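This document opens with one chain alone, in structure tokens, the form deposited in one PDB entry.
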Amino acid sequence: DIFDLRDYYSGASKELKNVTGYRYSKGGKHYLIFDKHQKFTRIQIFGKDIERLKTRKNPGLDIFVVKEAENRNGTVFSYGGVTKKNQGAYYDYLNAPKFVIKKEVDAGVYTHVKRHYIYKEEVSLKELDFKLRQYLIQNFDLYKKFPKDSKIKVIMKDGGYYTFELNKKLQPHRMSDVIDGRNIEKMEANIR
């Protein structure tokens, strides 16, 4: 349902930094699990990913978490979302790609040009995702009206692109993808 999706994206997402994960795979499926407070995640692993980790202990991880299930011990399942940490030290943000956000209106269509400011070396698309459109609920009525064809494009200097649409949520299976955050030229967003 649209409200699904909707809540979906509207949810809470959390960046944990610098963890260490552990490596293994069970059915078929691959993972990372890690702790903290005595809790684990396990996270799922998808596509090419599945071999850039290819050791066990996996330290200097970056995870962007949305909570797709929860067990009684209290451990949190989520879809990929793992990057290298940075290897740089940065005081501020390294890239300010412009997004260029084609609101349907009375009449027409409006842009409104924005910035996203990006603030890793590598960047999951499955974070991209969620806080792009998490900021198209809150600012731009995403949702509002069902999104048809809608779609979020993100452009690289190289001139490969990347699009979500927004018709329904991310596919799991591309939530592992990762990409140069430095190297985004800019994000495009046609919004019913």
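Residue numbers count along the first chain shown, from 1. What we label the rigid core is the largest C-alpha set whose atoms superpose within 1.5 Å from one form to the other. What changes on going to the form deposited in another entry:
Residue 56: CA moves less than 2 Å between the two forms after rigid-core fitting. Core-superposed comparison between the two forms: CA of residue 106 displaced by 2 Å or more. After superposing the rigid core, the C-alpha of residue 36 moves by 2 Å or more between the two forms.
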Given for the second form:
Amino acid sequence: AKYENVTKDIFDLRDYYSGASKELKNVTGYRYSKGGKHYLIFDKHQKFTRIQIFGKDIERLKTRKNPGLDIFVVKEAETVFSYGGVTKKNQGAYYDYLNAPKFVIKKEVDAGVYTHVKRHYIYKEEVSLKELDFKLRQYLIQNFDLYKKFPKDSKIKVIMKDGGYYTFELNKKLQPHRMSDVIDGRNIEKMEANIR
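Structure of the form deposited in another entry (previous: the form deposited in one PDB entry):
Below: the lone chain, stripped of partners and molecules.
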């Protein structure tokens, strides 16, 4: 249903993005499809996690067996269920971070502009838009009152080194069909957030 002048949805977004998340490192995912949907089931520490995959994941992880994967898990329901967040584990060696793009936050404040700049350290060759979106909103909720007020047109913009960019509209949850989108962590040039 459609609602007006209510904060239930933004508070729900706040609870989601400020909630728990977990990363499953170097795990093997077993693929299968059911009813038009595609999943990957994992096991680690005697715990089972089922991941629904979308986009390029459908064909990329076509084979039944899929080793060497890193998974960014956010419980949607519960065997815990989560959407996308699948990436190939690092193949190279890195002492620490492999990229340190600036995350620039700007906010209109009365007669001026407030700016906050931090480095969003990247440690993976492959990073899902899911993880970036979740961690970045997590940071905004914790430090910049995201969802304490209506976000309206607030957005996060992930700028790539080739000039292309991705956008995360903060007034709604990241679309499930986009949670399988992956990028090379080394190709992130900078990130920006324009908030209320």
